[PDB]
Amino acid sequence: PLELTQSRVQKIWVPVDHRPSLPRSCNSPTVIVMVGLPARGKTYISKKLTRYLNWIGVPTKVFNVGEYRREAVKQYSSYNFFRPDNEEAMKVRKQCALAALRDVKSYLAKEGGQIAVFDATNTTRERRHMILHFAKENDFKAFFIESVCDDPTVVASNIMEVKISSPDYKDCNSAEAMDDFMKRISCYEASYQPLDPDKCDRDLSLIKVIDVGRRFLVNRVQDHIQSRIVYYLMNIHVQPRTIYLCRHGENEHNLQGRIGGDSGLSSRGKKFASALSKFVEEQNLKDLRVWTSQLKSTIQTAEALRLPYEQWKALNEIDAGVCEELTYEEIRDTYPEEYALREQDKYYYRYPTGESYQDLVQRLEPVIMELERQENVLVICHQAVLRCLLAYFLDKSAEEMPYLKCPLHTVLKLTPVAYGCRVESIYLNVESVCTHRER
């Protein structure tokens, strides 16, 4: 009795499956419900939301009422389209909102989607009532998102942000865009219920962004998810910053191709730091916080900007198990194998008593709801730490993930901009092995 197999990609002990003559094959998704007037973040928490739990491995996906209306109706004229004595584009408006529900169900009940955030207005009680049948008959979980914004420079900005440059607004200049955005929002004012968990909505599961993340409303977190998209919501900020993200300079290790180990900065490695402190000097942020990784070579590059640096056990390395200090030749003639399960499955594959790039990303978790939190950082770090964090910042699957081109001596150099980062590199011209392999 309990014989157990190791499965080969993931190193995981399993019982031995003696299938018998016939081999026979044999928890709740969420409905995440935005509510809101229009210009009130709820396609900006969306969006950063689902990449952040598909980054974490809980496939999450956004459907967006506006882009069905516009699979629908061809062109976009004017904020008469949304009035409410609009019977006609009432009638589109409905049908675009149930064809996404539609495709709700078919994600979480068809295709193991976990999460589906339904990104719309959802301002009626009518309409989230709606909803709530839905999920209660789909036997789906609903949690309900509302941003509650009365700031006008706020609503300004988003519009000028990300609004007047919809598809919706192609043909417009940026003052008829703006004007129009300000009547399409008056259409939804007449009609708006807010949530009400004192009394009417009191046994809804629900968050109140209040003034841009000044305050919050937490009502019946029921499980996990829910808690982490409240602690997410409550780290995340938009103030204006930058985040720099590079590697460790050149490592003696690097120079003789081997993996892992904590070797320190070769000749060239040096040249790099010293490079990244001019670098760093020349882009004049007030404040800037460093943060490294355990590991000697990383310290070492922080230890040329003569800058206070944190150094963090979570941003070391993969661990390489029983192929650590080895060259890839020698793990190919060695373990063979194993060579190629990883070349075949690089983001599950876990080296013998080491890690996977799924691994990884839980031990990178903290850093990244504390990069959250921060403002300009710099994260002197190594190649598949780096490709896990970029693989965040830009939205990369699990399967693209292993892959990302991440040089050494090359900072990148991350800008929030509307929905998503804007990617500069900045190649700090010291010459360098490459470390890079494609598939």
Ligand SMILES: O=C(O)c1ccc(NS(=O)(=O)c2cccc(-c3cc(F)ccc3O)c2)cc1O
Second form
2 protein chains.
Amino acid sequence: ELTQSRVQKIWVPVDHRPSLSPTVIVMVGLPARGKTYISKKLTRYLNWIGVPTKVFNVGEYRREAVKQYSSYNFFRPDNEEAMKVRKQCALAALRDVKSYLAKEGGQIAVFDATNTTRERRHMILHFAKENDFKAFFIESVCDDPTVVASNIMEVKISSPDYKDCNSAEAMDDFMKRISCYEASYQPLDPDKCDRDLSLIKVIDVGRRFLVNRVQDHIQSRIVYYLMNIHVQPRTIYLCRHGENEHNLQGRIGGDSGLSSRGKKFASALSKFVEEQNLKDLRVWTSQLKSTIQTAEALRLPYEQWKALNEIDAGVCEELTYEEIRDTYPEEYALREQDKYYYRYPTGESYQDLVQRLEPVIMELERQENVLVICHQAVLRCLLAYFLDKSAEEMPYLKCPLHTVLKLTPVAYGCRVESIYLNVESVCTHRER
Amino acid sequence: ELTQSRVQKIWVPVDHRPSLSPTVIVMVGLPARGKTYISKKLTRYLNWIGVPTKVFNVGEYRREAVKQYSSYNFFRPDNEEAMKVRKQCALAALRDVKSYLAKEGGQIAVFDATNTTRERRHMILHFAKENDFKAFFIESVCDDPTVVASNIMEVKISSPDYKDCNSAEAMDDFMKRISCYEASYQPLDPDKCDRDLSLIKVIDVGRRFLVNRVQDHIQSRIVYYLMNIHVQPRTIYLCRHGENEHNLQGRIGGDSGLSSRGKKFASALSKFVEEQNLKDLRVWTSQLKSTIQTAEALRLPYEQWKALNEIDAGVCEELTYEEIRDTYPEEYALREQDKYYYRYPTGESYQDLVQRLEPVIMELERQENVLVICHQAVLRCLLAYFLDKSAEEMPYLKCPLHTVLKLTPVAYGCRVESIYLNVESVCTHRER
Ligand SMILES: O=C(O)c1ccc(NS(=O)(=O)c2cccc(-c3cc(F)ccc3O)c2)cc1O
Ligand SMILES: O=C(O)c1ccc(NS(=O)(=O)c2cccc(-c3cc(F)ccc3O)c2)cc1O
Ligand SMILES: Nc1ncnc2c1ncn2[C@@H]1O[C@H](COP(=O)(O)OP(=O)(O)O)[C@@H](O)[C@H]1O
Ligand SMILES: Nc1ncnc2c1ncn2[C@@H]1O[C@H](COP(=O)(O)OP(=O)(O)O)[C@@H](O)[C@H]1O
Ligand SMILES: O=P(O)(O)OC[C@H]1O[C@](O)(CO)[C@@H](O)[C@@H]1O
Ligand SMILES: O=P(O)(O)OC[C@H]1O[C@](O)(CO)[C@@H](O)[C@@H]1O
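Next up, the form solved in complex with the named molecule. The previous block was the form solved without the named molecule.
Up next: the whole complex, starting with the chain shown before.
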């Protein structure tokens, strides 16, 4: 009466007759307030945890409908012609939102635009109602000219809009562009007029928050996430344990210690960390010996996280892939056809891993400088979150032994630099 | 050079020469605002996740220092004598806070009192600084007379203060008592004056929040928790899967299906659920067959949570306790001496379980009516959270087969009612 699904190992009822609530996230705020930053980052998180999510950026539509950008005159409230085009762009983007949530299997749509007037948000609110969408608002408020100017410098002057421009011209144009929105801007007011909307106001670059009427599970998760990200500059280092005894034999999982090359890698990592010369580096390890041994070489304090333990291979723990193929050929084959979803028997899938890692991801967002010493599958999962890689790609990312990945959060994403530390090891990578 | 600790199985450096930042949570708000409710509940959560936490209730000190309560005249601002006693009570409680955090190994102290003036909070702030304590503020704001009156009815009229009183007298006294605080009350203002304090304002019974300057990991976890609890009436039902084939043989873990008695229990549970006649019951199961089979009998929609899977016995999975004793006598003995902390090899401890369950607990707080069909160890862990049971007691709670535990959140805690559904089963309970 119940059968176990062969790939994911879930118990489902046998079916002998197999022959016969989405959300719009609305961005709100003046330009250079980090709205797109938040859009892209939240969407990265949501897709990584498995909630299919898509950004609809009104400006990207405008750049599609109007070939070259001239200047802020385009944004003047008295520009009858431009205003028509901009309104049509928003409506076109909202039509794609509808198509995405109602028809293409998407669960969250992030509507990335200014949305600074009650008029406009009323229209968006009526749109979600008509279509049976929940609406959630994220307003970014920034009253600090230093931050605004830094923002413009960081992401505005080098965007496509300002391709034939120097700094002072682009900066100057952009301040005036901001000006066009200032006059009619009506902040979200949950005290009085917006009493009923589900929203979060992000204040002082994420140090203060107003949150109103969280409706549901996903909204609550979004709020948690948003409240713990920050934009302090930092560096994230990810690597595997130094080579271990099981690596040498091509055995998966288990709890083996460093091979002598692994020990050499640990020393090398110590030297490397020492010369990065970092303020307040947090070091994290799994609870498996190989990662702990590697962290010991650093003579720094480290924390062990059960949640960083390598993927669990269930009955296949401590086997070679060959022993897996000979002993469990049907399991071996299943995994090859669906590597992200496949669960080892009594063990885990990459999908399970992602879920075990949520607390790690959330704490990494809270930290600054961190070094995570972990494992192949685990490292693939973390890297996929940072680099916005898909579930289908995640189990084939290349994370080789003895190599540090240096991640530098930049605006809208992540710079990855690879640094091999010159100690030989086996290769555990396996192509599709 | 590294050795594996025998109980918890953690790798630590061998030590050949073994011969040689706490927080005050400050409650803020008028009486009957739910401050003690929040104190007791947050402290329940924090202790359950392993952060040692203690409530210091100024009123409990006052009732200790002044035998019988007379009336609200005691709380008059012009009562020179009472005010001296009350001030001395706060200071005595703050002295115990200091003793607890600095000397008795406690990590969070919840200072449960009104703390409604800037004067008073300045004094508390200076106290934490002097002692190297972080200070975090929770203010409960309630502007809805209906809620206030309901609160007084619910917890005030039947407290020790009002032992020789009828409702209308106690209610009447209490409104006047509230009055004494109203005049000098200065809410937290993070806009202007409290710009620098770490705080959360809870507004509209937990539907709106102001959050300012979260400093650290634990503060961020407290905020998450506070923002997802609610006081809507609800019922929580917890039970195990119907008896399974492994139960009959005294085997632990594995993924066996219902014995025929288990099937009878499932039907019985269906009948039971049907006659509780509940609005919108959510049903949760583990991903193990026995719980899924039981939920099938209900003909209701259910959700499977990997996180509800029974504790993992590692190498001992699918063994009898006797086979454990004969095959792993040193492991068997270790577990008996330290059942909460002991980790099975390649497996889990109850401590691991608690951590896997955090997302379940958080989602249970968000829900209303829920039925959780799970497993012995898992059920002990959830029950310990709800009933404020210690880590040392948690692995010996009695959660027998075929028996529903009906939990009714009441103010300050949880009513547990047991309901046996009259189907025989083995007993899997094991005394210390
Ligand atoms: O082209 C862009 O870069 C762009 C960026 C944001 C943006 N914001 S919007 O909310 O979608 C929008 C669309 C059309 C008009 C307006 C608008 C703009 C104002 F300045 C004042 C009132 C308004 O209603 C705003 C519109 C745009 O065209
Ligand atoms: O006895 C009680 O039930 C009680 C309950 C709360 C409480 N709040 S308290 O912040 O600790 C406190 C202690 C001493 C004086 C005051 C106080 C009370 C006021 F009405 C006005 C100004 C103040 O400074 C408040 C004091 C109490 O005595
Ligand atoms: N809460 C915030 N307040 C102010 N600036 C922020 C915030 N979060 C991110 N930023 C900054 O915003 C910049 C990105 O700007 P962008 O997202 O293009 O703004 P907008 O979409 O509002 O025009 C980055 O420099 C980033 O550091
Ligand atoms: N955010 C809140 N606002 C108002 N009332 C609440 C809130 N949370 C809990 N309550 C209610 O508060 C009551 C408990 O009162 P209590 O904690 O004794 O108040 P106080 O300690 O402020 O005198 C319960 O009835 C509970 O439902
Ligand atoms: O998903 P894949 O490609 O099998 O790689 C994960 C494997 O890598 C290892 O970390 C090291 O070989 C194993 O412990 C684990 O089973
Ligand atoms: O901690 P204890 O008392 O061994 O009980 C937990 C055991 O109970 C069971 O749920 C049922 O016997 C086992 O699967 C599990 O090992």
